[PDB]
Amino acid sequence: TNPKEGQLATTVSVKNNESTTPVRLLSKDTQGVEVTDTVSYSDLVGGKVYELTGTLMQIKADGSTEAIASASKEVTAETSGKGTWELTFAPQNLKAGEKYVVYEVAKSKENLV
Amino acid sequence: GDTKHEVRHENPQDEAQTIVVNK
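Note that the protein sequences, when read in sequence, are chains A and B. Every number in PDB author numbering is 5 more than the matching position in the first sequence, counting from 1. Every number in PDB author numbering is 128 more than the matching position in the second sequence, counting from 1.
Quick caveat, the hints were computed from the structure, so don't treat them as lab data.
Where chain A lies over chain B, by a calculated footprint (3+ residues, C-beta under 8 Å): (1) 130-137; (2) 140-151.
Coverage of chain A stretches by chain B, computed from C-beta distances (three or more under 8 Å per stretch; other residues unrestricted): (3) 9-23; (4) 64-72.
Beta carbons are placed, not taken as given, at the ideal position from N, Cα and C, and that holds for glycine.
Only chain A is shown next, with the shape it has when bound in the complex:
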């Protein structure tokens, strides 16, 4: 497999919130938030197992981040190398007037390079 092969597109969602790109929360709806991240993947080695790790980052005004939550899952790429994975973070207390972003990394269980 070409080391450069592979794409992850991610869409974050919050339970019982309909907003997207970005998700918007009222200050009252910040306690025990259930964040899902939908990972659309393409050009992964079909039928191979990946360690999918998502990271909920607090993004400060100066562009630096601090990780507040993380979730990892053994997943399998569809045989076509395209498909979808879902990831949900443990319940999180978020802060009013703050901005959060989700990172995603997929590493194959096997050495495919």
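Dock chain B against the given chain A, drawing on the hints supplied.
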């Protein structure tokens, strides 16, 4: 091969990946 296949999406400005809290 000697290493793992690593695909990352780590874009701090991706709106799709962003939650904004009001107040």
